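A single chain, nothing else alongside it, follows as structure tokens in the form solved without the named molecule.
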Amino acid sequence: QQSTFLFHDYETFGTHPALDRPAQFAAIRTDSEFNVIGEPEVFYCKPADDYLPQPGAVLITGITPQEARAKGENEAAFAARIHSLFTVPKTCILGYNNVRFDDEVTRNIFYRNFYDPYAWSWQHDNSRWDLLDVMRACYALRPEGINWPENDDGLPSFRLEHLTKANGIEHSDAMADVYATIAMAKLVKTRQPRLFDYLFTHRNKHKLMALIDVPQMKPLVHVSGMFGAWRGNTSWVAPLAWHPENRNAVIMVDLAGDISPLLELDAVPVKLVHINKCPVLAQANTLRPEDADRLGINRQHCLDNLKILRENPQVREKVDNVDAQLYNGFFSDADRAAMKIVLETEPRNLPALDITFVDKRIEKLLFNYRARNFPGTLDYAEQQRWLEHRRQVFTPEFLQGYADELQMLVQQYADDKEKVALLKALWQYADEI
């Protein structure tokens, strides 16, 4: 009814958004002015017994598999709680690195648990945003008034913890990262008000499409992590064409690159810009001469490449584990309707549910869903199928490797008492599972 922001963040058991499992979700809702209006939403996800967490992830988060299992609900119920927060009308769902990471975790949790992986983002006036590329855009285009820390390599850092410390934001508990993300939003809104407004409005794919002039190859500023911190994640780009299959993807040339292989053949300075993924795009003059110089971006090289590309328009023409299979395709309307019945049927009425799916992923999705979330509902043949599944995960190579990694880390981090205790926990859990 009113426009709100839902700030959120996952802690996970590893960095693969499909093949690792979530540990904890944290979120809070604000009004359109970033005033907190909701209660903190913090909860855990019970990991199924076909999985061991990445030791490195647990050393970072401090959340053991024992803790998520004892404090969590099954992933079906975890997914339900997240889906009910995300689908409140007129919600902008945002975080810090959510476009690349947390949103991929969400898509995969929804996929595995019979929710639509995509609808949450856009239905009922919803949107997404991400403060990471907002911070990157400020550094590159409007750095005044913010402290920009360097990492140990002498490159600008966009780690949330570095930006908060550098700008006097308290950081810190479970909610610390979510509150830090709200503080970043307020920082940019205060210190770069017009840029903040511009970036917020341009989260919308139609505002982004208005910038794109393919016939003219109209140059734009693009701020992207792919460009690299050494050039402030920034270049001038030109649109060449739209993707043959992906409706949301435009094919850009990086004008700072070497266009020789693109001109001559039948590094390639070509990238996809996904207009549904909050890319930072603006008119060319948004990168001011002083900032182009600061970032080492060569205007004349970019313009020379642009001139060549415009004179050569032939360039436009030139350019298994079911858990890993989200992007194998969109489901049919019938299959989506069938999966909605799975979702909305009681888990006790699921064994008796006779329903047809055509997409070949759904049989395996359904078996995993029932065995992971509702193991008490499995019959004997299903129990034996699950035992085989666990065996095929816990291969001789995998189990040896896991033990080896723990034994290496406990020696490596011998003097870190908190890490030693976490490694003990990881061994204990692996021994059980």
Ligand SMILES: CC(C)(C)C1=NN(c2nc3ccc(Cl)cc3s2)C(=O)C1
Second form
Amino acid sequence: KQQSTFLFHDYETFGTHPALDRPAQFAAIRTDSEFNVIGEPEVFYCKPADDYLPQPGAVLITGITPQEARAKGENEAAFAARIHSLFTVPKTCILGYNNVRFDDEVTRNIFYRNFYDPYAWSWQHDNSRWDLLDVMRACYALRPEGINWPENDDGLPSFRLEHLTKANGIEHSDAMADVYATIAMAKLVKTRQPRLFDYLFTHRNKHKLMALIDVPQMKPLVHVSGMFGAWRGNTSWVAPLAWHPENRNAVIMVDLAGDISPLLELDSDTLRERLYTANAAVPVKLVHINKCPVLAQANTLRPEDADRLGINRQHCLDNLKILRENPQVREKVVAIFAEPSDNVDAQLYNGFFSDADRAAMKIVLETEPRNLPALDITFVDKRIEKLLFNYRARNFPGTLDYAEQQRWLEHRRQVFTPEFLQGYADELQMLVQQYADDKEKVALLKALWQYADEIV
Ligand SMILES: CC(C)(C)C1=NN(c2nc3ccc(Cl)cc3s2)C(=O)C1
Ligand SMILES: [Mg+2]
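Having seen the form solved without the named molecule, please provide the structure of the form deposited with the named molecule bound.
Shown next: the complete complex, the earlier chain at its head.
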């Protein structure tokens, strides 16, 4: 019938914020279940709308100027359509390298802005997602033998894709370079740690993860997470205390390697304050069951593994005993999580849309742009009419009437304040001095100046 496939992908963007910065380029290729390429590379650009200037640092990294994306790209509506078409092919595992924390948020935001369901793509038609970054971290932590693990310039293990490829003799340039490097990482771990690879892949599924969670017993688990830090191989033992009171997919864990005294001694208001500035640190963290967290039974990390990572196993066991004897900590941590921006681009997580609103937004999607002004349609959620105006003005500006044109002009004036444009110019001048010896970067910075001069 339909074959299971992987769709490896990567974005280049114009900045670090997945909602407020705009995408520049999307790259993807599909493989079979054994990581052999199927079909052709998909690479395309996104034209940025005229209400945005790129972050100069992002352009220095990607080498993609706003002029290039504008001249070679389609509008974000069309960009979104192409990506949505790829991501909704049945039985696809959509994956990348740091996609769970970055690329997937870019995707959610692109879909949100352009009237696609931000979530359905990842689970409908037997689809799933995965991320090779925490696979590499898990391999280093749990089963490192066979792979060369590079250090960064601070002397800690690095999981930068370019460091891992070089360290392991993998060729890594080409818009497809990061995608091909990600495929190489997948092959590396599958070949060299086959049982761990299979375990991690199987446990991408929320139900397999949920089966590991035993809140009444505070059953300990090994967890590998970038939040723990490279200095301990991104690893600790954790115990589940309670599920999040609002977020259906988040469990509240305690880091057993931490100091649990604040949890025993302080009240939830105090605990909440410390947790959100980031004097002992509050050893609580959320694990999101749909974000392919790395979790395994506690004995997966053996004493000799803990020793290698510098983790104090007996301290963790001691803390687990104390927590089990203090079940009032559960209500405390729940109370912590029981508990600003007027830019609709920043409002993806203000709430889920109702079925009625989703049905209305589908009509918007399936209507010709020229016919949108006459569309007799109503929305409940207050984000949607704002999303719709921006959608039309950014993508289909020739369909705006005089009044709408004036509204868009005002929008642009509020973005391009004299203080914003001055700071932008100042940043460019600073970077040209910093990179004066790198003539290609100097050329990129000059391109950014020229674009700002035009778009203003
Ligand atoms: C002896 C062997 C197999 C390594 C085991 N280690 N182990 C556990 N190690 C830890 C380490 C930390 C914690 Cl919090 C719980 C456990 S349970 C077992 O239950 C059995
Ligand atoms: Mg990337």
